[PDB]
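Here are the chains, one letter per residue:
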Amino acid sequence: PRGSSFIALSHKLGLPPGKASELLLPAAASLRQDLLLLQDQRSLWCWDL
Amino acid sequence: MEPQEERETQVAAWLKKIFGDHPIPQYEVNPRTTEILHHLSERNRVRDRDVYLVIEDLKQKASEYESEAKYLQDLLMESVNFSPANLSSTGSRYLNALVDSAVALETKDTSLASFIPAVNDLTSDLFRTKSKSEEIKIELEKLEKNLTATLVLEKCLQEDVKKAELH
Amino acid sequence: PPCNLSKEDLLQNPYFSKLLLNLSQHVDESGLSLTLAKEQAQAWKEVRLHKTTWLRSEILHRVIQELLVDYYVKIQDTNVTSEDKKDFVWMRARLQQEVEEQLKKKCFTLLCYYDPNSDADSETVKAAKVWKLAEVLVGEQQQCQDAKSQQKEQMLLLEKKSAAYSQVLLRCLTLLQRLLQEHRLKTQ
Amino acid sequence: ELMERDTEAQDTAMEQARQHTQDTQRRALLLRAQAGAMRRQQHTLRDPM
Amino acid sequence: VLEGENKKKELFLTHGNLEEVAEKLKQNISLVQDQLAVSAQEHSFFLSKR
Amino acid sequence: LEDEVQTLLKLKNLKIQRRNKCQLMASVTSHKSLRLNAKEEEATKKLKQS
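Chains as they are written, first to last, in the deposited numbering: chain A, 488 to 536; chain B, 1 to 167; chain C, 25 to 212; chain D, 99 to 147; chain E, 454 to 503; chain F, 102 to 151.
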């Protein structure tokens, strides 16, 4: 059942099913790296707004 | 709310953390310069801690994969006395073909029933990612013509300001 | 108030700009320390060095299991592989060649479905495409990720040209209000 | 996507079925291994008996 | 990494909780990009007005 | 417009040419799943009779 939990975590992190389960942490942090690659642009669309 | 004194104290503590052996040039003492680098340091500590976690996770998982590979090899010899060296040239070639195919697919299950949705999704997302990007380049021409017409209008209206002053 | 960094904010404190320029060799586009990126790459090198042997060992036992369950299916047929329960060295000698056979089965069966051009291909070109399928899928993954990595800079490009259009429109509004009010409405 | 869900309903459970089959047949063959081992114990005691 | 600096380690960590945290990150990314799009649309509307 | 129509048409042509393939894949997956379910019964009978 922990395998089903990990595949569900891959589903909710954008990873395709059955992929490398060990790349969940590098991808999600990259998503966080994507996250910080978004909100600053939000400020670039807000303060100049 | 961290005051400007605590702000500059954390900046001074962060300067020797970042530069280290590098020299530290002097900044103009104003709230703007102190304010901007604070968020950069605050998120840099966060991302460096996260990457510490990722690096330690990679080393941990590499050790785990070594342990599991050794356990499965010992299980192979104790079950059917199977080793990678027993297969012939074509068997080892097929094994390595599946190995680097799974490397290209970055998957864990080597079942065909696990191959087919991954193969279908890899075929589909390759064209999905280049899809919907045409909307940007077809909306680009409207902004381009608007900006160009308004720019030549801007220079025309500057000349109109000059000619209206003459009139 | 320009809370974000602007050209006016850049020219207000050139020392601050030179300080932030030194962070470029430390903080990249993603924000990571470059030496921390190198440590990540080295940890990934350990990962791939161990996972090569891990994937070499995994598929062997998987294909042994697939061959054993295919022989289970063949027990239900006329020709029974009951001697697998009886002999060990004979089942080993059959087992090596038939692990090779099941690897051939999986490879050609999957290539029959991967490409319609490869559905009716001969066995030699099928084997060659099996060898080259790793590079084909690496190229597919790279071309898939290229557009997603690309789109950010055109998004920033359209955003900054959109703001430049606002600046040009503001300048035009100022010039036109000068032309109407100062030059035509009041003086004229 | 609907018939992909139909196929994934078996894709999720096929590994569980294979694991159940392998574990149950191993715990079934250890019954025969036990039977042989304490048959050996039986005949180790029976001739002195 | 997923929860980050907002909160520390919980007393009882479950995989459903981390599933919810991953959903929180994905929803945050989605809402931020939707705000990006609607802010671009609003500024383009004022561009058309100008 | 005709180019758009024919690109969508060849897209759906490849979609059908993978639709029948997907019918084949559901078939082989269902057969392999029923194979494993039939492999369960030897385990059960060896657990019972032995």
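Hints may be right or wrong, so weigh each one.
Taking CB as the label site, the calculated pair distances span [claimed, not checked]:
(1) B:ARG43 <-> C:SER30: 39 to 45 Å
(2) D:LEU127 <-> F:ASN138: 53 to 59 Å
(3) C:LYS42 <-> D:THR110: 55 to 61 Å
(4) C:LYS176 <-> B:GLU78: 24 to 30 Å
(5) E:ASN470 <-> C:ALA188: 42 to 48 Å
(6) F:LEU135 <-> B:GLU66: 21 to 27 Å
Taking beta-carbon pairs under 8 Å as the criterion, some of the chain C residues facing chain E (in silico) [said to hold, decoys possible]:
(7) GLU159
(8) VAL162
(9) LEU180
(10) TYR189
(11) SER190
(12) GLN191
Straight-line C-alpha distance at most 20 Å; calculated SDA-like pairs for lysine to any residue [what the hints assert, rightly or not]:
(13) C:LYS185 <-> B:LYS17
(14) B:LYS142 <-> E:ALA490
(15) C:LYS110 <-> D:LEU100
(16) C:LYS185 <-> B:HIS39
(17) B:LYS17 <-> B:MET1
(18) C:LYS150 <-> C:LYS172
(19) E:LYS460 <-> A:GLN520
(20) C:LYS69 <-> A:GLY501
(21) C:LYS176 <-> E:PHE465
(22) C:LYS172 <-> B:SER133
(23) E:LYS460 <-> E:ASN481
(24) C:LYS184 <-> E:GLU463
Quick caveat, the hints were computed from the structure, so don't treat them as lab data.
Yeah, the Cβ is synthetic: ideal placement off N, Cα and C, and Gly gets one too.
(request) For the pair supplied as a hint, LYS460 (chain E) and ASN481 (chain E), confirm whether the alpha-carbon distance does not exceed 20 Å. (result) Holds - the C-alpha atoms of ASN481 (chain E) and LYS460 (chain E) are around 16 Å apart, at most 20 Å.
(message) Tell me if the straight-line CA distance from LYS460 (chain E) to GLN520 (chain A) falls inside 20 Å.
(response) OK: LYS460 (chain E) and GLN520 (chain A) at ~18 Å, within 20 Å.
(request) Below or equal to 20 Å on CA atoms is what counts here, so check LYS150 (chain C) against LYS172 (chain C). (result) At roughly 32 Å apart (the allowed maximum being 20 Å), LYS172 (chain C) and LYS150 (chain C) break the hint.
(message) Within 24 to 30 Å: is that where the Cβ-Cβ distance between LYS176 (chain C) and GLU78 (chain B) falls?
(response) 52 Å, violated
(message) Does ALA490 (chain E) sit within 20 Å of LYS142 (chain B), going by the straight-line distance between their CA atoms?
(response) Roughly 17 Å separates the two Cα atoms, so the pair holds.
(message) Can you verify the interface hint for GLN191 (chain C): is its Cβ closer than 8 Å to any Cβ in chain E?
(response) Result: violated, 10 Å to nearest chain E Cβ.
(message) Let's test the interface hint: is any C-beta of chain E closer than 8 Å to that of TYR189 (chain C)?
(response) Hint holds; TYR189 (chain C) Cβ to chain E Cβ min 6 Å, cut 8 Å.
(request) Could you tell me whether the CB distance from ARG43 (chain B) to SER30 (chain C) stays inside 39 to 45 Å? (result) The hint (39 to 45 Å, Cβ to Cβ) is violated, given that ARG43 (chain B) and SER30 (chain C) are roughly 20 Å apart.
(message) Can you confirm whether the C-alpha distance between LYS184 (chain C) and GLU463 (chain E) stays at or below 20 Å?
(response) 43 Å, violated
(request) Would you check the hint for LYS172 (chain C) and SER133 (chain B), treating anything up to 20 Å between C-alpha atoms as holding? (result) It holds: about 9 Å lies between the C-alpha atoms, which stays within 20 Å.
(message) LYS185 (chain C) and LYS17 (chain B) were given as a pair; does the straight-line alpha-carbon distance stay at or below 20 Å?
(response) 38 Å, violated
(request) Would you mind confirming whether the straight-line C-alpha gap from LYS110 (chain C) to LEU100 (chain D) stays at or under 20 Å? (result) 47 Å, violated
Taken one by one, the earlier hints fail for this structure at numbers 1, 2, 4, 6, 7, 8, 9, 12, 13, 15, 16, 17, 18, 20, 21, 24, listed in ascending order.
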